[PDB]
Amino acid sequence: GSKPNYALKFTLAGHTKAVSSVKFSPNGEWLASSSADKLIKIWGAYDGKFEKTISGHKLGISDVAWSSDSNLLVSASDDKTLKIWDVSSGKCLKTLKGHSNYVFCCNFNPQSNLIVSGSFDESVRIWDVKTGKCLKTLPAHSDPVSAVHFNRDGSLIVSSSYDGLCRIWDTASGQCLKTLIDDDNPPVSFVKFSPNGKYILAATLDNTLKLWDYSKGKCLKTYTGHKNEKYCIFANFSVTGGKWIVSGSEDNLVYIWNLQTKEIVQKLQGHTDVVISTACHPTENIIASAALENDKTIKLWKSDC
């Protein structure tokens, strides 16, 4: 139908501190979760079945991300490292050392030969997956880096920061192509490219999501109604059914907007703390949501539309 009807199907318990991130594997079979409890957990995407715990970080994890082939994970930790993991063996393949403060955010490129990271040390680093070596350190921002993401062909990186900027980087050279958002404030708490790489979705800590045209550097859409003044809350393009924007909220709800009309089309109730992370299944109309330490659960929601 014209609106979704997401309904709670499973609650996934086991983390002992706040959940920080949830991500579906590109092949759709898994959900990965990261937590302040220093653990990664792997769950069945369709039935929430607990699969395994992946351990090794010495402090909390703020983010986890899948390789394009669903075989590897990368995690970003307060221990100042990222780790590359073989999901099947659960083994740490590489530890990526160089950041001088907490690593907050990470992603593979589509090729999955590179990892990008953002840190409280105000830098963005680009890493070689095969060797675990740091290829480039970008002096990207003047405050902690909240998000990093590659576009569809891997040629661009978008970064965001508490400094109030969103910057687009040439992967190959590390050089800045554009400062897309250029304000002293508000802090930019999240950014990512649209699936086709033409748009950037940006969150600011003034309860606002905006959809930007990268090429023209202009705001096309604004989404409001939710609460976001403190946390770096993920947002998503939902593309399997109707074309939605999805975000967590500091009022403990998942918000779903019509991307084109900007109308709120659903609010998902059930969590008992801030919903810091949401993920959209690559093929099925399924949302994963995760909450902070009063809750510590992941919820799987399913829609007909």
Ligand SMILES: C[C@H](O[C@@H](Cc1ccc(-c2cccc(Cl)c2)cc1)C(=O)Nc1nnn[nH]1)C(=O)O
Second form
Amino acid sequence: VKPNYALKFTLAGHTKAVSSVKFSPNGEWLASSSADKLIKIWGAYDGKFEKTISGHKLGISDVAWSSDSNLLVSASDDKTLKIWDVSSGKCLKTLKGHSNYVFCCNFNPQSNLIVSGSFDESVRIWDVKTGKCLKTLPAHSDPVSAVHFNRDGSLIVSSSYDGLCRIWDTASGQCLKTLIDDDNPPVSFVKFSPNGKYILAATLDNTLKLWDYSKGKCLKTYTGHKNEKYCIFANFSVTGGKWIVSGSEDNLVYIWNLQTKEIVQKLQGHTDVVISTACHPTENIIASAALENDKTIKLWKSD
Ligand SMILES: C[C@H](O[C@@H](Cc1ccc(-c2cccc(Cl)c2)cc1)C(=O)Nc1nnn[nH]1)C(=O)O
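What would you give as the form solved in complex with this ligand, now that the form deposited without this ligand is on the page?
Full complex below, order starting with the chain above.
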């Protein structure tokens, strides 16, 4: 069993490197952030441009959706996060507190909290309603590349250039686990699996790893792509077959059979590093995005 992803739409508009792409949970929209200090909203099924959201003073590294698809959270080099009401385009809150670039962000499933990570080596937990910082965790000894909440929001997974993945108790802020393989390459990305038993981590030694968090064991390894420098997102594709999807420094989208770990498809088309990919929550759609030499988002579909 192999998928058949084929290019359907190319989305131009960003004037600088695209940093992240995310589909709304309701499946209606695609959000993109860029080094151009802007967030763009696109139609998930046709790639039709909807709107631009601006206000950040420097490049945006990440964007994330709230569970009801009404809010966006963005992380910027202007050392803030911003909470946006998508429909009205308004900036609800500006989260000030990090001392360096904010590199990653996410909402919890209940979307009353925001987790953020920064070049200041900390993980912060914010109140969505007030925009106040509830906890500052002295999480790592190098920049925090990714942060993500589990299925019920009781755990936060963080990764850093220091070579570690750490699991934090949302309520106490105590470190529950430190995950590392025998090698120490910088960990550029991490995320909990859709149902939360696993963690998918990306290292800067051209490797994707699937860990069983509880047992502290690496269960699967996915190789064949190139990733020695950039914080490339990776994803679980679960609408058709069960796959692992990731961008690559060789300008391709790689797709792996999750169980067998073999490459099932490679998507050719971008002219620069595929920095980010996203999988549609209900349809076999992959959104992919590239750096400065390309500046486009591509929408691929499988039948
Ligand atoms: C179905 C979809 O996602 C799945 C993705 C998945 C699928 C399979 C394996 C896995 C792990 C170890 C060995 C092997 Cl042979 C497979 C790992 C992840 C998921 O989240 N499973 C999940 N999370 N927590 N507990 N079960 C969804 O939940 O919509």
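Only residues modelled in both forms are compared. Positions refer to the first chain, counted from 1. Just so we're on the same page, rigid core means the largest C-alpha set that superposes within 1.5 Å between forms.
Check your understanding: After superposing on the rigid core, which residue among 86, 206, 128, 182 shows a C-alpha displacement of 2 Å or more between these two forms?
Key -> Result of the comparison: 182.
**Study point:** Displacement in Å of the C-alpha of residue 259 between these two forms, rigid core kept as reference
**Key:** For residue 259, the alpha-carbon shift amounts to 0.2 Å.
Check your understanding: Given a rigid core superposition, which stretches of at least 3 residues have all Cα atoms displaced by 2 Å or more between these two forms?
Key -> In sequence order there is one run that relocates between these two forms, which is 182 to 185.
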